[PDB]
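We begin with a single chain expressed as structure tokens, specifically the form deposited without the partner chain.
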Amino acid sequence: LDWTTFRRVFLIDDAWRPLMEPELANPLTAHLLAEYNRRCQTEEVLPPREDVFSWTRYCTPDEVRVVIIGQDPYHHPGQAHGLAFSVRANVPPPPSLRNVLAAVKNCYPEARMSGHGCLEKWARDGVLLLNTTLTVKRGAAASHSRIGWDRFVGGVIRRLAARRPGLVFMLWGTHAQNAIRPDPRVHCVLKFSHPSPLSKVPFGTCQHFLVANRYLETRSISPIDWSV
């Protein structure tokens, strides 16, 4: 029971099986898994185990329209919940996320912004919010960056992109842009500087949300309601 067992430990939705099962078999994956489990033995690991793969539960691969790439989970307890950038509902949007939500509003002023930072509505709408590193040691940013999550995540994104052409990729910042390099002739690849206020260009100027909807429409795919 390799897939059966794996899926039980992380509570993964079965619709992702075709995309993830091939990875289970890679010997590099076993090292990754054992290392994640060793860390859990010796430190406070976030997000909680049943949240690590929450993104498999919001929508299926065939429902995915946009892919937004992040780095690693928020390192303070109570913030991260398995999605890149998103925080639990009663957690005030941190700096980078505020800039994202600011950009959406500039792009779509008729947007119903709730003022919250939980992006579950987006996730259910086929916006895949995927971090390249899926866990972090409490308080230490980037502490799990070399254990192997990115090879595994990249593997899943490669299989998703091949399964369906015409995806929109939103690569913000140097790391996201160096980690995932989709065929720009087959998918819509949108690049911008990192959303943090420390970037030279203010993220609120980003118009990726507009351009994305313009691409989807020319493909007869329905556009996203970026309200959240």
Contents of the next structure:
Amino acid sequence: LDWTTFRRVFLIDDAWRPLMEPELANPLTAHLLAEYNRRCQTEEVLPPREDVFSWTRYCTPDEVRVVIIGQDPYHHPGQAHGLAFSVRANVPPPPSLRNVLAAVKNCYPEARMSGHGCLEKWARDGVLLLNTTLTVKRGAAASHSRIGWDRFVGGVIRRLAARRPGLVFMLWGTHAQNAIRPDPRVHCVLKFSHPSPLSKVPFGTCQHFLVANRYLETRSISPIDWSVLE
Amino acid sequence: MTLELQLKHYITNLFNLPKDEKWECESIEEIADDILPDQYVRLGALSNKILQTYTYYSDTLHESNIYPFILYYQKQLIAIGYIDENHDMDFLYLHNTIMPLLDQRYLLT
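Can I have the other form now, the form deposited with the partner chain bound, not the form deposited without the partner chain?
Time for the whole complex; same chain goes first.
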């Protein structure tokens, strides 16, 4: 596998080269991409190819302050654009995201929220919104959960976390807490139940966004402005 | 009539919502232990099982804080019901992959 070819195909920003390129040496990465490309030929695959890696383009590895783990992408057209949780601009936030945003507003009564769900502004500000499965068949959730993204994505996150300490991780729900277990002596690891309304604990009460900001300050890092609107 | 249409009729009738309002559905997976009441989750039945979860939403459902849902496990029906504002879960159906625990689907009519 060839970085130049890989980068072109997915319109990956080159600043993520050193965390991602090592993946291409792994035979499982070659199977993953081949299997992904085979899905792409046999079925409608989401999000659009150019978006699968949109998270690379919003910020650079060095910009990343917070890591928020998703499972996989919305499977209805229009919704996913390559970030965890976030939807495209004129999509009404579904129950999970709407609860994420409610917690934000609870944590920050002053936060500017448009009533929209697109999280690009956070992404640009270093909030890495990353699903452990990067693709899905249109119509069928978790349909790609076992083709091998989790390994690939877990590698990239491992390399990211290794570069320097003092990331915040926000790990919401059992999948995320199981998949990603950062060294709590090195990073700030924040855990909660899933934001879906189906969760026993309402997510509206999650204080992660505040607690993460207090953490960054202790480390000389400017806090996130969690406003969804500019 | 699809299950989810039966559920929608039961709901819009129970809470007197606009019957013809479009509902949208959020479909995600999560472990039964993190969703169901403790009394419905045992080792060797629903415990540690990943349910495929369907949660319905609209403007008036949001206004209501009413969350209708249908849960599956590998295409086995597991639950139909709804959660309210205070997280009181109501069930019209529950199966623990071993047997039916609760079947009040006749309520839908």
